Structures are given as C-alpha cells and as structure tokens.
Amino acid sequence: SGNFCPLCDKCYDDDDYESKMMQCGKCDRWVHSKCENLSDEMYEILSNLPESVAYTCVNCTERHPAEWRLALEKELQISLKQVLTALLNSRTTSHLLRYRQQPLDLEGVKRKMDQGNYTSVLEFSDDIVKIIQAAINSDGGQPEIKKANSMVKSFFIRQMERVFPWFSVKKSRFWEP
C-alpha cells in the first residue's frame, strides 16, 4: 500500500530484490534508480558509497542539490583518478606515458580526465584498454615492453577490480587475443 515510488508513483514489491531502488536514510522508503535518472553504473557506485553516505528522497532532502548527488559525482571522479594516478606513478607504465577524444597515451587520458570528459567507468576503461592493447600488439619480440605490458595490464585489471568491483575490465571490446 504505502509501497510506491514517490517519483513515478508506481507500486513496488517488498520482495522483488532484483529491482534497482535506493532506500532513503531518513524515512526508509524506496525510490527507483531510473526515476532519479541514474544509470546502472551510478547505481552500482552508490551501492558502494560508504555506510556514511545515505541516499535521501526529494522531500526528505532539506537543501538542494541533495548531498548524495554531489557525493556520487565526486566519488566517480575520485575513483577514476585513484586508478589513473596509480597507473601514472608506476615504474611499469613509463613506456605508455607518452605516444611517439581518443587518447593514445596515459598523459592524454590524464588530460581528458582533468577536463571532466569522463562520465562513465566504461569509457575510461575502454580508453585504457585500447592503449594497453596497442602496446601489446606492437611489442614484437621484446620483454619489459611485453613483460611490462602484461604487468600494467594485470595491474590495470586488478586496480580496477579494487575500485569498481561490480565492473568487468576483462570483457572490454578492445582486448585482442
């Protein structure tokens, strides 16, 4: 009865846990992820925020923008930077820093990121996969360009698995056999 999303006004079942909904930390009601205009990636990131960051429904939101929104936006950018920073500061990625938007090197991903061009985890991952994959395709008969390539790759996949557990770098369309 009282089980209806305030935004779309439609009913929801107390038992369908396959639904993508958030619970307001104030009144405990549920709201559809899609009704707050959130992509599945956003929903996953939210399901990852600290227990300290509660989702809050519109009417329970006192000051706008709702804090969960700014926190969400910051979380994605900070997490992306967290990963890139590690890639940049590694001794195994030195050869992918500079080529010698579709960035052909890490310094390029770096600029594309600082300018706020990444709005999803998928685009960021794909740009990096392409760079790593390009290096793998051209590291003919040579290690540390073959060896390093695989440890920046393993490094990338693992680093991403840590920050974005719900995301699959392995499935990227840009990997080659």
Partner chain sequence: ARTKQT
Second form
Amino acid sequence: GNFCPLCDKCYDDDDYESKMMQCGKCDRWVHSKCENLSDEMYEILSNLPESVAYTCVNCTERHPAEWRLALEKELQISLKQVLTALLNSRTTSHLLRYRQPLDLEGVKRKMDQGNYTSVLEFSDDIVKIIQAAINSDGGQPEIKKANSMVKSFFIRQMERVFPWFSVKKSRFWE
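May I ask for the structure of the form solved without the partner chain now, the form solved in complex with the partner chain having been displayed?
No partner chains or extra molecules come along with it, only the chain itself.
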C-alpha cells in the first residue's frame, strides 16, 4: 500500500482529480492539500518539476527544505522574465514604464525587492496599468493600434512563463 506521508492515507484508490506531487528521491506521492503549498505554487511545481526537485518529509534533509527555496526562487525568476520582456520593448516601455504600483517602474521596484508573493498579484498589477493606459491614452490611430498590440504582447509573455495561469480572465480587463 502506497500512503501519503502527510496524512497517512492510502492513495492507491485516489481518483484523477487528486492533485499530488512526487518525491524525486523515493518516488512516493504527496497530496498538495497536505503540504504547505498554494494552488499556484502547485501548478508552478507541476509545470516544471525538475526545477524544484520536491522531496517528501522522509527524504528531506534540511530545514527549511531545499525544494521550497528552489520553488520560491523559480517564482521570482519567472516574474522577472516577464517584466524584463515588457521593459525591453520600447513601445511597451514608452507607454507603461513611467506614468500599489502605478507603472512598470513601480512594479520593477516592488519586484526587485522581492515583494511579489503570487502570480495573480503581479499579473493584476500589470493588467491594471495596461487598462488604465488604454483608458487614458486617447484616440490617435497609432495609439489605438498599439493598445491592442501591448495587451497581446503581455498576454503572450504570461502564457509563455505561466501556461497554467488564466491571464485572459483578469477581472481588471475592460
């Protein structure tokens, strides 16, 4: 019988819906619900498991656990990858870098200080900035065309780095 070490429940009869992660050292599985992990962090881990190298309680050596540090780090590197891509675009930067962060520079300062703890927080901050700009940059034709280009560029960057994340469903899009 294969049991989750954190609830002691056998998972042999667990249905497909049971979200779990595998320990890379002993191949045993652990329920996401039994671990200190949010839905987001579970998906980040599951999208690229080898980057975190999760280890169960029986195989974990140090505290805090190495996998936890690795996963936290991964989140930060991923957020930075998205912001860097946006800032490296002249047009996007022109429109959004310089005007709760109110511009991309504000997001950069908040991020560099390691203040972002979730993808949704980071995403919403940026969606709000983009939508605010779209709502206020006027009606010049080139501006109208750029508005859609910028929104799409952001969505593409988020889908590349966080494919499991619903950026299109942000409550802050109008």
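What we label the rigid core is the largest C-alpha set whose atoms superpose within 1.5 Å from one form to the other. Positions refer to the first chain, counted from 1.
*Asks:* Which residue of 148, 38, 57, 129 is the mover here, meaning its C-alpha shifts by 2 Å or more between these two forms once both are aligned on the rigid core?
*Replies:* Correct option: 148.
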